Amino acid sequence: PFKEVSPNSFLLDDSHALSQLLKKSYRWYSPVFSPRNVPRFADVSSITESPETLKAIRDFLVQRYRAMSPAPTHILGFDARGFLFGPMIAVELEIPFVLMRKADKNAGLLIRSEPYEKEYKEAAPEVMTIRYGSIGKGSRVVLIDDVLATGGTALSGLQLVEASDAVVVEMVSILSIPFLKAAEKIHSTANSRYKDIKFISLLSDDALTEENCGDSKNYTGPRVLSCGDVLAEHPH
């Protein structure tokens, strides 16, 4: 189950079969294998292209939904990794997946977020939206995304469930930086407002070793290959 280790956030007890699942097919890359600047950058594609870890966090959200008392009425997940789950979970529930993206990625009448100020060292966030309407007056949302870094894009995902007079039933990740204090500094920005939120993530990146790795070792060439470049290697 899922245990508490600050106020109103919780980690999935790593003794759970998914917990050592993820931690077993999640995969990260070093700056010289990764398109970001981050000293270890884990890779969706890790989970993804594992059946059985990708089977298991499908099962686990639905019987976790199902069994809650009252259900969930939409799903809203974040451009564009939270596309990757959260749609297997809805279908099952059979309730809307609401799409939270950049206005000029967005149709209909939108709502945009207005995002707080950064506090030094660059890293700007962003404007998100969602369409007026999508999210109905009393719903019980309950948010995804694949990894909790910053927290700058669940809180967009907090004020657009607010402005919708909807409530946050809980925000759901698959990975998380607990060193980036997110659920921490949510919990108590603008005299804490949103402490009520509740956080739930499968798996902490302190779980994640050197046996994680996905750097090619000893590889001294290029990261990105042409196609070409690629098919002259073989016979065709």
Contents of the next structure:
Number of protein chains: 2
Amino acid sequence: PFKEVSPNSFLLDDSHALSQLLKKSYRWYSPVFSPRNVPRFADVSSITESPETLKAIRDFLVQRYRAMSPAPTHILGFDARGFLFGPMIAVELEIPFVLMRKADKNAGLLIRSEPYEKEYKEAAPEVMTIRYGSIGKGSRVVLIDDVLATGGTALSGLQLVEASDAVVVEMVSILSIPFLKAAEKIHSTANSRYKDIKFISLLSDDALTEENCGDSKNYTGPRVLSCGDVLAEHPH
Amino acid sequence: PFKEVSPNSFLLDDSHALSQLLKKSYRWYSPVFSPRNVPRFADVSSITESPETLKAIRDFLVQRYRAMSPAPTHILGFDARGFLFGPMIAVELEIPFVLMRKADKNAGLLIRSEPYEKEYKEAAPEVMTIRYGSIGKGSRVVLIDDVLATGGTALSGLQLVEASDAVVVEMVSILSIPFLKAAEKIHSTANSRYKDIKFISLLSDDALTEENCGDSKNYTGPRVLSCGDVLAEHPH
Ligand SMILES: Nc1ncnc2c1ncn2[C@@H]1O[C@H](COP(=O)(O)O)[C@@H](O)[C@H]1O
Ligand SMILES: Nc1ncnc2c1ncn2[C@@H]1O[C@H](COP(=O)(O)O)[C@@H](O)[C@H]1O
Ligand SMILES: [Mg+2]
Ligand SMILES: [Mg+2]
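With the form solved without adenosine monophosphate (AMP) in hand, show me what the form deposited with adenosine monophosphate (AMP) bound looks like.
Following is the full complex, with the preceding chain placed first.
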């Protein structure tokens, strides 16, 4: 079950089969082996390429929401890694899966989020959107993405569900980076207006060790190879 | 069943329940109501927000590959709309779901595609990637995305599977735009080297009429509204 690690922020107990499987399957990469500049980039492919792990996530979340009452009415996944988990849950629960994307990616009349100023060190916040009317008054929305880091995207989700006159069931993430204090910051910002927002995570990045490092050991070549160069490595 | 509309290009017969449902659920948008400059932008949300339609797609493709022999070993979905359909099929078939994305989005050692020169009128081609070793020698990969238009992305998929010493089972798309002749062009380019590549589509855009137009009738406001402006339209 989920244990409260901090106010309205829950983590699956590490004895659960799902937590074990995620700990076993997850692979992280350092800067020279990833597309982002963070110490450890958690690769979502290490999860989607794992049939046993993907099904365990689907089974668990589907059982969670089917047992939930009042039951959720919508699943809102974040572009693009949230798209990998949302649909398989929504197809089982038989409720709509809504897409949160930048305006230049979404169709129809849209509603845009209002991110906070970037607190130095750059890292400009993303303005996200959902189609106007995709989520109606009285809807109970489950927000989903792969990794909860600073919480900037989660906040965009909250604002959009709020603006739609709907309520957030909870923000769910496969992995959370508790060091960046997303739940805490979101829970106290703007005079605790989002204090009631529940955050659930299936695994903490603190559970990831060097054993989860996907970096190529003793490698000195480039990170990216063309098709032609790879084709030359084998008979064809 | 699938009917051959042209060499190695199949379309689901329009009497099938799935084809009917897609025809009923699909919504398209003109430029002032979409993020792209094409006459009719097929909104994938009109499908994902439709529980009945999403499940029908999942059921059909899952039954197709379970009855297939030799059975597929991998599903390669295109960033980001291919991510919406691939995982729910892969979780059922119990095979890995690999991600095709730009290098600045993928982790690990990557293999990049080699797109052709843009044939005037601009529209610069995208260099796509998959992690080196995500698909091995002897793999049988199903490529998937929502809309098959010019085929530039599909070709990136073919090149990557080819470079990995694996074979393409088929390129599957929810919707195809037969006017842009993707299957034809891919089938004859480079001395018909991709002539054997099968293309399957669940619906042709020719089946979409004005009844599928999602444009707001007699609307004159902006396409995008902020959260604050929408919040002001209702008591809170
Ligand atoms: N260490 C990380 N590994 C993988 N993805 C990350 C990492 N840190 C941030 N991201 C992601 O970037 C998105 C934005 O994070 P956030 O700062 O919580 O808005 C998240 O959904 C994750 O996909
Ligand atoms: N009319 C359209 N509606 C929606 N998406 C489109 C349309 N035309 C092209 N696209 C997309 O842009 C991607 C690239 O198309 P392609 O030209 O086939 O490489 C496709 O996967 C579709 O998602
Ligand atoms: Mg995100
Ligand atoms: Mg694409």
